[PDB]
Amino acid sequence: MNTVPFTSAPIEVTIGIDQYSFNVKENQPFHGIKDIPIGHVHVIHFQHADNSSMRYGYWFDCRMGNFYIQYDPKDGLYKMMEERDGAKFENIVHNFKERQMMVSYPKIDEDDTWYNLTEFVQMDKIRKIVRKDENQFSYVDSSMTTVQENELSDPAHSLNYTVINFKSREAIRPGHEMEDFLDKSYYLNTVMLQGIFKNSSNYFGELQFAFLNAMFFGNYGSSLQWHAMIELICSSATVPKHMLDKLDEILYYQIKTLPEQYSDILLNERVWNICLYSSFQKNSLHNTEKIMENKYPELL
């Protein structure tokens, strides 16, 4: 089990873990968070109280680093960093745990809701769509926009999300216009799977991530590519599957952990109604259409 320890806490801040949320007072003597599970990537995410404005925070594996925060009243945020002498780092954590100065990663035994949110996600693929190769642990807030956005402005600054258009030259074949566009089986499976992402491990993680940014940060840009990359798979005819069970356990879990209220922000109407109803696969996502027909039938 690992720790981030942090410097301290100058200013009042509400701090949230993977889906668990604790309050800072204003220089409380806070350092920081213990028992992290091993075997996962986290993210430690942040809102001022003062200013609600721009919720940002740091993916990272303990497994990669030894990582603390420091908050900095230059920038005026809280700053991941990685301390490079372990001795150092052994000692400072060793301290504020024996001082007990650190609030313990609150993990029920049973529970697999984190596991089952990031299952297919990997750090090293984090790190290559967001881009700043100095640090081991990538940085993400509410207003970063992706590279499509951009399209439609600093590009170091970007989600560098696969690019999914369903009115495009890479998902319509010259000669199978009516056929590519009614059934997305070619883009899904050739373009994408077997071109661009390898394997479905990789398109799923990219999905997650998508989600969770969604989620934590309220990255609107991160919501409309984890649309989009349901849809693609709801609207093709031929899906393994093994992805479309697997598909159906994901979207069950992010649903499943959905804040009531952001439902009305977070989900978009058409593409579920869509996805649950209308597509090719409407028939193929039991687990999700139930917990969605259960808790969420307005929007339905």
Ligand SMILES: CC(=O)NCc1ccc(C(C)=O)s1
Contents of the next structure:
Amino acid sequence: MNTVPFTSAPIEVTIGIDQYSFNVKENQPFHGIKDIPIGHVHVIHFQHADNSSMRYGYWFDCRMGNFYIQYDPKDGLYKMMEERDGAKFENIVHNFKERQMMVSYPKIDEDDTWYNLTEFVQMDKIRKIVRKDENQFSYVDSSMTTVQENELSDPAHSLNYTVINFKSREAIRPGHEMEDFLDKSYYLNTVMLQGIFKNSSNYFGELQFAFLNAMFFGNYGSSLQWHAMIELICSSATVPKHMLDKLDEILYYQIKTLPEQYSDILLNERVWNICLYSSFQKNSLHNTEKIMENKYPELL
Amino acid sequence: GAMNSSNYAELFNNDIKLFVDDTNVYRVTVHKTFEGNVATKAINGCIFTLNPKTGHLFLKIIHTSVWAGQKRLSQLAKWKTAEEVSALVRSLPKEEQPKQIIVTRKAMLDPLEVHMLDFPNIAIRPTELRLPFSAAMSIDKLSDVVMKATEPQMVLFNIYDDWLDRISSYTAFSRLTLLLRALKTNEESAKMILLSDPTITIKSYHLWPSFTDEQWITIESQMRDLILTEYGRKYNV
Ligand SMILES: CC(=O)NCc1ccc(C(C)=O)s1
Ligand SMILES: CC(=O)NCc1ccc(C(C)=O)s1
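Could you drop in the structure for the form deposited with this ligand bound? We only have the form deposited without this ligand so far.
Entire complex below, previous chain first.
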């Protein structure tokens, strides 16, 4: 188990660690988070008590280094940093645990939620979508736009998501205009899977990354990406059977985890009704359709 | 975006545009089978592609053989329309291509946009106008060439005959839409009006009779009466 210590908590802030969150009061004696499960990527995110504008946070993998959080009073945010002096880090961590100034990552032993939301997400692949290669962790916030959003403005602060556009030359083969637009299997399987991602794990990882950034940061372009990658599968008549079964599980745990009161802005009515009721795959997402219908039957 | 009353004069400026109407592309007669089931028999149709400024109607005739062995023909028809319009644009020199294509039915937007991805600079637009282009098959000479066709074919017609020598394209378009609206509302009455006077002929090469300016006023007024008429007869007013 790993630790992300905090230098201090000078400003009142709601702190998230994966799907958990807790309030820290201005200058409350808080020195970070302990018992973080190794083996998964994680996100530690922030929403200031005084300006709920800008949720922001860091994707990180404790196997890639020793990371800590330190408030920057100039830039006005909690910043993730890497400690290269490993003994200095061990020394610091140990003191804070002994004085019990850390909250424990509070995983129920029955609870595979975080795994099921991040099964295909990889910090090294996270660095491909959020470009800032001098850090091993990745910063994301509410306002960051995507490369596609920027075609339609700072490219350094962008989410470089794979471009999906159903009315694009990439999506449509000359001579199969109707066929390729009404059945997107060519775009999914040849252009995207074989051509860009290489395999479905990679397809799933981007789809998972898009969802989590939409949920934790209310990042709109991420929500667009997540919906686009779903709709591309649902609108393809020819999808490998294991991908459909895996998609149903992915979406099931995503819908399960979503806040009940955020469903009105994170879930696209058109895409979901189309995916569950009209698309080629309308019969293939049994778990997802069952959780959607029992939790958000308003949307449908 | 969409074309409507507010931006009506745009149709007569000097940017080359075309209207596309697909309402006569897929046409069927519905009949009873021997077993007493119902079946359709397709008949030839056409795509109505009209430059409103010049009057040119690039009438692409859709021969029934294009439907052979195809499923979902009402959906195929919008894509076939799009494919033929795309082919037409591609056949044309760059300086003669549409800067805009206006589709009379919103269902044509995605088919056409997809077939015209090679032409990002051509605006594909809808319209809020209720245009009467579906009545184009009530023009005898257009109906004849479609029904006579034995293979795919494109025939260009000037739908304004020689009117533009005497009136503007705005006025010629308004005449055309009133004629078509009349023909759509009561085809028998409309045709009676157009032909009641055997001394006014349709010169072989034209679509409409050779009315003088004053005869057109009369004709245009009678077409208005008809459209008011059938409106009452329809709603009892
Ligand atoms: C490399 C790319 O653009 N898409 C494939 C991905 C696989 C895993 C990803 C994350 C972000 O974990 S992204
Ligand atoms: C799209 C459009 O209106 N283009 C201009 C013309 C091309 C060919 C024409 C004739 C007179 O045959 S008119």
